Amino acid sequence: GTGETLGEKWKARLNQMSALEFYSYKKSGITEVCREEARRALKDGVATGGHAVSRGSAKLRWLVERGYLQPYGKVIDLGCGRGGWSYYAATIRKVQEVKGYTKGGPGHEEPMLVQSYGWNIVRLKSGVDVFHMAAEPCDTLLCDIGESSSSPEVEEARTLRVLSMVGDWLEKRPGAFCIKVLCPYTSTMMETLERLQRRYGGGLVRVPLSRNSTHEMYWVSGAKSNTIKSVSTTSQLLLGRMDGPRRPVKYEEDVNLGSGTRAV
């Protein structure tokens, strides 16, 4: 083999940054949705204003509007948290049912109950560890699990744990999927992702709403990405942002998910 990858170099540089450098680096040049209004409304109990429950709805919007993902049918959302991906999925015409599962509890996000469009086809279940749930068939499989660590070895071990669990769900044959890959950047991870692409298809995409402090990419059924090239391009973007001036954030309006129930 050839030793340290570009993403491993990125992680080592990230760990050596001072806190002041990290503070400016983490958002340099990223895209960000404005959330102050949504958070205030949600704090006020507004359920019909179209507000997204988290920044996650915008991440899924980015993938869907570009054709990386075409959700349909029964959607299962593993690690749904407050529900940003589940509520976004429920607004999509071809989606018919959304079931989110999340752990909840101290230090973890609980599902939030709002009345964005299609809320009546969404069921969010807390108190569920998806690593100990039997996999079920679905049409679209979503998973946004993976806890960051300063150790790249820990990030790799955590990502392999996520992907092994997701493989049990992929074996039930959904036609669409979107899976967070916390660590795509070690040699073991790139080999694993190539194997997974051969069996299940799809490819990796970097969402520009991700912060520069994580190398996360999304494995989606509609990408046709060379694993090594897509990971390397992302490592180069993240490394390049470690040099030179702070780049401005590209602010965007957050997703508005509307209101009202869906008919059947």
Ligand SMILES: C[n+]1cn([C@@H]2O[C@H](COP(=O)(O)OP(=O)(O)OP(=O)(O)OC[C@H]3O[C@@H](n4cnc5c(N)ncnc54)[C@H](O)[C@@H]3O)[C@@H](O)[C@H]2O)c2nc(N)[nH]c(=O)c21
Second form
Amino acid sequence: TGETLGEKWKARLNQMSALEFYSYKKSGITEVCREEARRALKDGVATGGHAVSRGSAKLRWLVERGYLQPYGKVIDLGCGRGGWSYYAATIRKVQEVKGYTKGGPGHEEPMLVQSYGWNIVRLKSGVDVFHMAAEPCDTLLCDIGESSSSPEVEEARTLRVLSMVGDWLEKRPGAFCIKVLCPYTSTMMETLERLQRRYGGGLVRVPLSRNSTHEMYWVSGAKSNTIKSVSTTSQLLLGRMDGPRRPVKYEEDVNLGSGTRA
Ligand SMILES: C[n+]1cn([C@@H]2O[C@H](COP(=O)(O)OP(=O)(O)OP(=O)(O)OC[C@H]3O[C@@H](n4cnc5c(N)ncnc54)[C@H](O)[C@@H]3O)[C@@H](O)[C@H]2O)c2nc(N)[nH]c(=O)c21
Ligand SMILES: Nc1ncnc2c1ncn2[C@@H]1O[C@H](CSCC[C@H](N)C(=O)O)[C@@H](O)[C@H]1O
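The structure above corresponds to the form deposited without the ligand; please provide the structure of the form deposited with the ligand bound.
Once more the chain from above appears, this time first in line as the rest of the complex follows.
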């Protein structure tokens, strides 16, 4: 009554027992194996081509199906350690990549490794993108949204980055990948259609994502209907909460390799 499918989903999620939530997080999702790569982020090995974060595999999932084909100048807002930046540098059509994150006592500190094409990567900490001016780009990236147990707080936060991203979409990317932390409220499906009407694109759910978050990524390579695509992911997560759990589909993490300009 009066609630969206996503709203009716997150309510039951907040009422799950500790074990009911633990066994449900990874049930039936796809996940990249990062064990041997975490022994690389600490051994100082920058040559092995490992990923710094799991975001490298997530973006590798999206770029490898035309959901976004980066090129020219690319920009990743909230790069953290640059999981999205180090994969974008391996793309052959891109030239300049710049990452930006604060990395203060509030969040993750950027890491610099030697993945293939690391010379074109510019990751600096100490930036607040909510007070940053938009620069011309051909590929916009944004992975900022922060979880919250209240569907209204996730809404109040997601509209803030979508209003900030409108200044970078005012710089007209050629291919973008914007994360919509909460797309499932009646105010959300409203705005996401309003932005797609003027700037194009569509939303898509990545199998790298957990069952605990309703996050979806607004891409430039998919033209899906908004309300139907969001509701599809809503109904998809609900079925996983009732029956017996299912094993996670493991995969090999990206291997960005090593090298220089080419
Ligand atoms: C940790 N946790 C998260 N969620 C739910 O999953 C959604 C996203 O969960 P997340 O795991 O993706 O979030 P994050 O990326 O920060 O990792 P982590 O698992 O460590 O969760 C930490 C955050 O979850 C929130 N949280 C902690 N405990 C609970 C709880 N009992 N119920 C709801 N939210 C919680 C807190 O705001 C905390 O900051 C949250 O909105 C929440 O409804 C939980 N639900 C139950 N029923 N029991 C839990 O323990 C729980
Ligand atoms: N308001 C803000 N301004 C700048 N960076 C922010 C921000 N809010 C969150 N962030 C940053 O966004 C990052 C998201 S983690 C994403 C990292 C990377 N895109 C990857 O996929 O691997 C966090 O590390 C956090 O530091």
